[PDB]
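*Asks:* One-letter residues, chain by chain:
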Amino acid sequence: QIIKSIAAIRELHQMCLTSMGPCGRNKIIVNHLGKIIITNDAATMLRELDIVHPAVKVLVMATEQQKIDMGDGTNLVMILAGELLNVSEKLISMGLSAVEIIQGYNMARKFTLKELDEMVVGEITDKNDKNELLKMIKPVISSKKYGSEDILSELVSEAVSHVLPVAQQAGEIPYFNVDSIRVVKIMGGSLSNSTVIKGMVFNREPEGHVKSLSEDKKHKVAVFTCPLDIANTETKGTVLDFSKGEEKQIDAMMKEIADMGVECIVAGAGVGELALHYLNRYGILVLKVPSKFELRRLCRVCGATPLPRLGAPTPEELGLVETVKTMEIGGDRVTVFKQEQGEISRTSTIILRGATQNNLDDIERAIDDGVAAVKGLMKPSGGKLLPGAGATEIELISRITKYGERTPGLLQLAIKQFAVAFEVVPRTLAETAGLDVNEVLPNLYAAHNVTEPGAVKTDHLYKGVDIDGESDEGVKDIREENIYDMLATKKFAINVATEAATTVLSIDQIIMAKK
Amino acid sequence: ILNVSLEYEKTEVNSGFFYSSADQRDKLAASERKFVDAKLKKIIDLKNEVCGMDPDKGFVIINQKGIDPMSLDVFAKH
Amino acid sequence: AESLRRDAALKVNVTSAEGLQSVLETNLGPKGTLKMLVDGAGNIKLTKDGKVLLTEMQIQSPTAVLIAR
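Chains as they are written, first to last, in the entry's author numbering: chain Q, 27 to 266, 275 to 549; chain Z, 235 to 312; chain z, 10 to 78.
Just so you know, the hints here were simulated from the structure itself, not pulled from any lab data.
C-beta atoms are modelled at their ideal positions from N, C-alpha and C, and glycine is treated no differently.
Each hint should be verified, as a subset may be incorrect.
Not the full set, but computed from the structure, chain Q residues with beta-carbon under 10 Å of chain Z [said to hold, decoys possible]:
1) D255
2) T259
3) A286
Generate coordinates for the entire structure from the input sequences, incorporating the hints supplied.
*Replies:* Rendered as structure tokens:
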């Protein structure tokens with residue numbers, strides 16, 4: 027029965043093997059609403075797929091740990107946890123109980139986590155410079171839409187630097203926020219036409235004769251939750275003089291707002307027809323926000339506060355914005371909301387353009403996974419790094435096999451198989467790149483295993499898995515392209531991968547029903 | 235332990251809010267808010283009465299019932 | 010390419026032995042039972058000798074072959 031539980035995961039295992047890596051491939055999954063959705067991230071695909079096997083749901087819940095608490099490793103956790111079950115079949119055939127198999131991984135996990143502190147050579151100074159952020163952000167944006175990582179690097183690094191406030195010698199208070207960056211997409215244009223703007227861009231029409239305000243700083247903006255209508259009574263006031279009453283009352287309510295200097299009225303609900311006529315003569319910009327989730331993030335930008343009532347423009351609830359204009363994004367006229375210097379805001383927006391609608395979905399989701407790695411830049415090992423692209427996975431094998439003969443007892447069988455399970459990462463990178471399996475594997479071993487007349491290690495331990503398709507032959511230093519795996523992502527992925535395979539190996543029996 | 239409700243309150247007798255303009259509504263609405271504001275002044279006096287300015291001291295309100303948005307700024311200053 | 014093994018024999022060998030055991034179990038001792046064996050000869054013969062019982066019956070089970078020897 028333990029073999030059948032692995033075969034059920036093996037059906038979805040090969041799908042994730044072709045995901046991770048810059049040469050990875052994407053799978054089409056039709057949503058239940060009749061819309062084709064395709065993406066690289068496995069955490070999104072596993073939610074849309076129907077999985078009736080409870081053993082597979084263990085890796086699904088373990089994948090959410092990579093998506094929520096971290097910004098990378100969703101494709102890595104499925105490959106590592108899937109291989110631990112394949113290498114465990116050799117111990118099951120020999121008659122070894124699942125206890126020593128799980129106990130062997132726990133002893134090997136502490137040996138691996140201890141060596142990860144020595145795998146860090148360089149450390150990020152957390153300067154938050156535009157050129158310095160390109161080192162951490164580039165590998166996270168990579169492995170999706172290969173070839174666009176150079177242009178998208180400048181768009182993400184500029185938006186993150188705007189969210190981070192200016193401070194020094196304080197690590198207690200958090201700064202970056204994930205929801206503070208909202209990405210917009212409009213069909214048309216190209217990738218080189220994208221830019222970075224500070225604010226929240228609105229794609230809705232101005233709805234009125236006023237397209238944009240002036241260039242004067244500190245525009246008064248009022249956010250009204252109640253829809254625009256004739257003034258009613260809080261107590262009862264049921265309507266069962276109606277047409278002429280709405281003309282005089284609404285004109286009187288809009289007059290008191292314009293007298294205080296408010297040039298913009300934000301109505302989260304629907305706007306009446308008679309309200310648009312009076313706002314055109316007073317020179318007040320019409321803005322509607324049907325999404326209530328954006329109103330919470332808007333209060334931190336301009337400073338306005340939502341009012342459940344109507345007709346009471348309290349000056350304490352009024353915000354200030356320097357610049358409100360209307361620009362053409364993707365071929366359509368849209369009102370942009372931004373600022374320049376004063377009233378520092380933590381909300382930024384990355385504008386994207388392109389002809390293909392499906393390609394804009396992955397780039398938008400790549401930014402969300404890209405900015406999520408900024409959260410991992412904090413005190414808990416945010417500056418430490420390790421070489422990726424198959425460089426670390428091969429080097430750790432030599433250290434694990436060294437501890438196999440060092441630790442006596444039955445654990446020698448589990449430690450040796452623990453290092454072999456890491457050979458799947460370089461193998462998938464060679465298969466998804468079109469390279470032969472018999473080529474990349476022996477070249478990586480000879481590069482990381484040499485005879486050096488000395489105690490200090492020399493030459494290069496940074497040799498990774500090259501994409502090839504260019505240059506001449508062999509691999510090259512991954513440091514040339516400034517691509518690496520963050521220690522917070524790699525170290526946390528090992529603990530999730532071991533606990534994911536532990537649950538499957540610990541279950542020797544299941545009871546289901548017809549569904 | 236605070237058992238009284240700090241949420242919005244109404245007049246003990248049945249009445250209504252009659253206002254010609256929005257400025258007159260806040261005057262009638264503040265009349266019912268005086269019942270809550272009168273109780274908030276008696277609570278803050280207990281803090282400064284016993285170890286008000288003394289260091290390493292604090293005053294915490296449980297208040298099982300709800301809280302109106304106006305009392306959030308009052309309790310934040312103290 | 011798996012190391013899993015099977016029994017498939019001893020359980021059948023003991024079961025086939027228990028069947029032959031019960032045949033000669035009631036035939037042992039002065040208080041035992043006397044059974045009639047006639048194969049193809051129309052000749053009625055009753056004996057409790059264990060060797061004669063196995064020679065007058067053809068048993069396809071391989072377990073009783075070694076017992077017959």
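*Asks:* Each hint needs a verdict: does it hold in this structure or not?
*Replies:* So, going through the hints one by one against the coordinates:
{"no.": "1", "hint": "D255", "in the structure": "13 Å, violated"}
{"no.": "2", "hint": "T259", "in the structure": "7 Å, holds"}
{"no.": "3", "hint": "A286", "in the structure": "8 Å, holds"}
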